[PDB]
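Before any questions on how it binds or moves, here is one chain, the form deposited without this ligand, in structure tokens.
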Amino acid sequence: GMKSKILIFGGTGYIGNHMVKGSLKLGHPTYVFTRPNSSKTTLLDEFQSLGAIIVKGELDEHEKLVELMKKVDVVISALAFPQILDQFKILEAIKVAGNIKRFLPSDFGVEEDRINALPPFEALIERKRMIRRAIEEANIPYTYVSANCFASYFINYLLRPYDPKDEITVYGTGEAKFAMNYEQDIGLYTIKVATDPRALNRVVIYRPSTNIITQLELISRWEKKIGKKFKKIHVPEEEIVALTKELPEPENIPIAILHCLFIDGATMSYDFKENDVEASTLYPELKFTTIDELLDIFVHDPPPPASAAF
């Protein structure tokens, strides 16, 4: 009915599929633009069975993009790091169409306009800033989402719950704080703020108070949940830093990200600004799945590990 029509790019991606599912769950007409040569045919069918309108094509099809933009109201991009600047193709279509009410570029991580990282990762977030600068210069309505750490992804990466090993790797001292949110919630809240006036032309950060922790505390809580103790093996910062200088690309990128998130503590190294919007405060009918609840999920029905593209 009055629900805004949502167009999603990168819908078959790691975080993108949660935005597609969240959009549909919220009753929004959902358009999913995806490549003709899809290896995610089983994910697309699911989207379709849920009500999504699948649109096959390439980002290079400018005319197709423009005609598509004219049919929707909101555009959300969840493209991967290798395609950050390709979002300029999406932006060009938005500019020509002229009817888009809100554009959310592919951020969904650290708040790049207030943090810096090691060269490997800095080059990537600088590309994300370029997109933001282009959006602002064109006066395109937007929302910049800083979703912080993807919880299932990093619980898998840090705790390796599927690994019966007796040791656990700690990056740096392990004392740096970070915030991590459940992917399903990131998807749901993202759709909500994309149509929320309180988020128009603002930076929205997902930092629920129940999802802030350090590597050491996460380990301790996991140990209590499963009744096992692990031998902690640390990886010195100077060591991680060196690797980002010697290892090739994209190898050194994950290492740079690990330093940013778990050593520098970039997701918790700042205080909120006047115009910042912290998402957990927006909806009294919803709440972010907490860290304890997340650990319970991994104990009862843990999700498969994943690896972002670089």
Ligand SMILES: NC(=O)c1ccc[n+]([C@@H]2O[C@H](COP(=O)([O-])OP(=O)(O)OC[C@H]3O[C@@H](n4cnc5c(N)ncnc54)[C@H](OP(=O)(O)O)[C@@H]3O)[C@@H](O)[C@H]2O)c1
Given for the second form:
2 protein chains.
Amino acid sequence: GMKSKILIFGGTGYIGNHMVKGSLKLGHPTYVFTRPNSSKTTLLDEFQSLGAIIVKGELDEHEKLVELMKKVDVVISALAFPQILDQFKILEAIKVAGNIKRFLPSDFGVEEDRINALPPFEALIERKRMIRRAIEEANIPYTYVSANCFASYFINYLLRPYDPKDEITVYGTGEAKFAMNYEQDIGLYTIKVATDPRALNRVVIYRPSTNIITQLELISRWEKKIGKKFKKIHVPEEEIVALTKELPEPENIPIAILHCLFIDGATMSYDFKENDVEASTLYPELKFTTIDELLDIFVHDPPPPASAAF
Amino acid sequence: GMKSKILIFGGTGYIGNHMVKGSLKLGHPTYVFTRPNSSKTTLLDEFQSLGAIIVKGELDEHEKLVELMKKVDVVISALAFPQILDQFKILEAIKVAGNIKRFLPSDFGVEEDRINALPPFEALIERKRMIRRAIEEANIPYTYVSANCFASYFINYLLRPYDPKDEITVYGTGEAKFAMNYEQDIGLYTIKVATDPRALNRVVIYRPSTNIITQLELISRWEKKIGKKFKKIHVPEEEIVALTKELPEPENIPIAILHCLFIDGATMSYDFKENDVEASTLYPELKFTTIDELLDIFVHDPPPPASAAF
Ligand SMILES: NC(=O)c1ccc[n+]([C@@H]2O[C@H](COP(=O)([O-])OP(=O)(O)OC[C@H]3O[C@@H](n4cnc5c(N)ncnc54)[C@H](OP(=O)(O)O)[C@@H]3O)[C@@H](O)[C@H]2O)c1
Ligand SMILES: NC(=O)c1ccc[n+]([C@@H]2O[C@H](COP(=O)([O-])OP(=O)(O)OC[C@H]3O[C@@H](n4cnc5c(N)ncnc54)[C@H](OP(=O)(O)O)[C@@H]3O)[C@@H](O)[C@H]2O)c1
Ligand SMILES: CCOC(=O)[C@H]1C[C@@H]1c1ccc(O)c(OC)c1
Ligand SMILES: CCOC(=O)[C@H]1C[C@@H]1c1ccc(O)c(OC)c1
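What would the structure be for the form deposited with this ligand bound, given that what you showed me was the form deposited without this ligand?
The complete assembly is shown below, putting the previous chain first.
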């Protein structure tokens, strides 16, 4: 009926698929832009069976983008690192169409406007800042989402649950705090805020109080859940820093991010601002899956590990 | 006609596809075993148009493998690291069929029976040795191929030609020698030796004299070819060794391999044995693409970078 029509770029992506599913679950007409040569053929059929409208095309097709923009109300971009500046093609179409009511660029991680990182990562978040500055300059309605750490992604990365090893790697001292959220929830909440007036032209941060922890605490809780003890092996901070300067790209990017998230504790190193919105306080009918619930999921039906594109 | 029938496992693989193409180019009836869910659909269509017989199935289908073995003469395995011991399923079928004239296990790299490496890599090559010991124990005719470094793979890895950066990473001092060969040639020569009596039950090493070089020399020759100078940044050996002990799996595997190849110089640290066969000396009608010809290829029509599975 009155439901906003949503267009999602990168909908077949790691986090994008959860936004598409969340959009459909909420009853929103959902358009998914995808490359003609995408290998996500089985996922696209799933989206279709769920009610999504699949649109094949390339970001270089300016006219196609403009005509598509005219048919929707909300635009969400879940594109990857290599395509950050390609979002200017999406922005140009939005500017020409002129009817878009909300645009969410591809952030979904740290809050780039209040934190800094080592060169490898700083370069990438500076590109994300460029997109933001352009949105504001053009007076385009927006919502900036800081989703913090993707939980399944990082529980897999830090605990390597699919590995029967007796040792576990800890980055730095392991005392740095960080927040992580279940992908399925990040996707649903993102759709919710994209139409919520309370998130119009604001930064929304996903930081439920039940999802804040340190590497050492996560390991301890996992050990209790599975009844096994691990030998902790630490990677000194000075070691991590040196690597970001010597190793080639993209190899040095994940290293810089590990420093940012697990040594500098960038997802928890700041206090909320007056205009900030913490998403968990928004909907009494919903809640983020907690860390304990996440660990239970990895015991009963663990999701496969993943690796972002650099 | 009287051409040996060849069955290739992992034929859709990075190096496997070159063996499939080489087999067909040489006029050999070629069978390609592939998983039903493989995403190499377009590549399979190419093989099919070239004359290959596509066989879909899983390695766990023992009966299917046995019946398949009965229809061929030569078996080549180009499976990946994660599937090294899965080759025992292939070997069991070969043993039951009893008609195979030559089996080449998935080596195609360093000569594991004469070199040792750091733990992350030593563990993998020990699995390859296990396959070898089993073949010999069973008196199965074989050929062990040490193809040394895949050239396109490593020119991409070391020079990062698709990167406009002004610096280049060097592992260790950069003075360690190594040999690298063009994938297309590795594929063709592999088919040739698989039926060549001169390679029966012998180790064949691919080491053409025109393809031996050091990291520093490769950089210097590339600089001359493209007319640009790079700043060399070295990663100390002690640094590389430390990482293999602290980083988790599979991250520490590539690092251990880099140490073995470019610091220890494992592809060039030994002299030939009495029974060794160096492939470039075998066919006066053929020759391996040289390093200079390889650099020219990267200037005129460079192949995309690749990353092995761990
Ligand atoms: N907070 C965290 O822990 C965390 C973790 C990972 C990622 N991230 C962030 O989440 C966002 C999305 O990351 P992701 O891992 O979900 O992305 P992804 O799955 O790597 O990629 C998203 C989609 O981009 C499309 N695409 C790929 N290459 C393209 C190209 N060359 N041109 C045009 N489209 C292309 C693909 O869709 P089609 O095949 O349909 O075209 C793909 O499914 C990023 O901003 C990233 O930084 C954050
Ligand atoms: N010397 C060097 O520089 C160098 C470089 C790279 C690799 N290597 C060596 O070359 C050999 C092959 O490596 P590669 O990179 O070419 O392999 P690859 O392309 O990663 O894999 C080969 C094939 O394995 C099949 N496969 C994948 N997962 C499987 C599974 N779970 N079960 C059964 N089959 C599966 C796939 O075929 P389908 O999809 O058709 O089933 C795949 O195309 C290895 O021995 C490796 O160590 C050496
Ligand atoms: C360390 C392995 O993960 C990564 O390198 C990148 C994908 C992870 C990531 C990317 C972008 C981010 O903002 C972020 O903050 C939570 C996390
Ligand atoms: C450093 C990046 O490459 C690798 O980690 C592995 C795929 C390379 C490889 C794998 C197996 C080998 O025997 C070998 O010898 C030349 C090389």
